[PDB]
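Just the one chain here, laid out as structure tokens, in the form deposited in one PDB entry.
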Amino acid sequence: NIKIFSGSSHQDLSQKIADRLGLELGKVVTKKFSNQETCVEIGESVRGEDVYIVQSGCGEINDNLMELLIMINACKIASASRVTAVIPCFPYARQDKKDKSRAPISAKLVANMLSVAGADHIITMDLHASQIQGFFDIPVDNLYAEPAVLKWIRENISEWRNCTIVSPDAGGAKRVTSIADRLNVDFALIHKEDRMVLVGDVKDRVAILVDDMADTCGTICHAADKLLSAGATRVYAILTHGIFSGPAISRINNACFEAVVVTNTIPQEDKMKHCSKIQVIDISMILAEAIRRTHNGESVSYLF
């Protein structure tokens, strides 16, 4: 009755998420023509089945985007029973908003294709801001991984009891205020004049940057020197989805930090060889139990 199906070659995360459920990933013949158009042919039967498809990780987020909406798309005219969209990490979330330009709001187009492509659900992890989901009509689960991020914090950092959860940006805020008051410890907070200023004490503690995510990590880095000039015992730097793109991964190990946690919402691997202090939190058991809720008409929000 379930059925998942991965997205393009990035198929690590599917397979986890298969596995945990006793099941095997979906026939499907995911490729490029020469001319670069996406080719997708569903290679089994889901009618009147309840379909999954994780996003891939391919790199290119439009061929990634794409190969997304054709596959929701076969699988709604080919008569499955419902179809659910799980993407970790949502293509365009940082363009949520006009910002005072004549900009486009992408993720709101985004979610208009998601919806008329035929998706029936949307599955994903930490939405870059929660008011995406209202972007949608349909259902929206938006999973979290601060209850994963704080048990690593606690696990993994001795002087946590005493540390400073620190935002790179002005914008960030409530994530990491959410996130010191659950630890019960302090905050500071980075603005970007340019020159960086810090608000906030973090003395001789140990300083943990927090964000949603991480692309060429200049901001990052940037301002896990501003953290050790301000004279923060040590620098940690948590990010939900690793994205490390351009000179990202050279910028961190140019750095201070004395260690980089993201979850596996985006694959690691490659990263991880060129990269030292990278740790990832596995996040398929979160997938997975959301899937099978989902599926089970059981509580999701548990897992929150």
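For the two forms, the rigid core is made up of the largest set of C-alpha atoms that agree within 1.5 Å on superposition. Positions refer to the first chain, counted from 1. Compared with the form deposited in another entry:
- Fit the rigid core and compare the CA positions between the two forms: of 171, 231, 147, 104, just 104 moves by 2 angstroms or more.
- Once the rigid core is used as the reference frame, the Cα position of residue 57 differs between the two forms by 2 Å or more.
- After superposition on the rigid core, the Cα atom of residue 115 is displaced by less than 2 Å between the two forms.
- In the core-superposed comparison between the two forms, residue 219 has its Cα shifted by less than 2 Å.
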Contents of the next structure:
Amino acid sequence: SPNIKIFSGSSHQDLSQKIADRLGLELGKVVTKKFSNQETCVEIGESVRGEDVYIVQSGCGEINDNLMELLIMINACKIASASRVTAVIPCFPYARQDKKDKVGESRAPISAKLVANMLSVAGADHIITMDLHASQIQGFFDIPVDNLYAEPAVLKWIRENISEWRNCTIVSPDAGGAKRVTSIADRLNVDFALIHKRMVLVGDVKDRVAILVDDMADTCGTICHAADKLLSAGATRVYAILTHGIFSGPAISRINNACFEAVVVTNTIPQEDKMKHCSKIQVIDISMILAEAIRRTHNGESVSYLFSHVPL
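Switch from the form deposited in one PDB entry, shown above, to the form deposited in another entry and output its structure.
Keep in mind that what follows is only the chain, not its partners or any molecules around it.
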């Protein structure tokens, strides 16, 4: 039916607008502030009674304030008798678990499940997200989660922006990133190689373009060395492509000092501020991927809508 409303957090508003543009809608009116004493203030500026509500709130920026803002907004819509509340969380907070593997066993994803449980008790009915650090986070909920992939937009950018892409190779910065890399190399019909930590390279990278692909970049320590090792192995030029560009701490300083031809991230986190101080950052717009998932969750057009059919 005709009852969709999009709201934005303070997390990232440019994207919230881009999605609404792609769907032909204006953003719902909402007051999101902080009181003097640090308490999150939310005021929904319009009736959501009977509406299909989508709240866009990345999990970047001051993460706990943004998370609290998201939970209050979701819960407020649910008690104002909204028909459905979907959290559109492009970058899911707390996905990563640096450990100290209790070598006899493994640690559990406390914080990712906590975040999931809070979304559930707040009253979220459905989650739309992008490239969960681990896809199993999908099973931390009982509500449907759509874990969308940036690979098609990356794959695109690669063919259109790297000339010798036909002859290149994709490298993984770490051990765990193999699947992703192998997926992209298989889709492109190119070679793959992987780096592991002193740091070692497995695979042929000599005299061909190397593309480091990973899910996110926070501190950037790892991709930077990886770029050094790829240069030492005789790669012509090195690129870095990450879906989530967190870039905290010394990250910006590291990339400018590193040998990257370009660092490509999607728009799931705001980059406008970071591009001002870093020339090698380029962004892939993923507003259509998200807009298309909201359009399909809404189910207003055809039941047999297939997500996979819409062009990019």
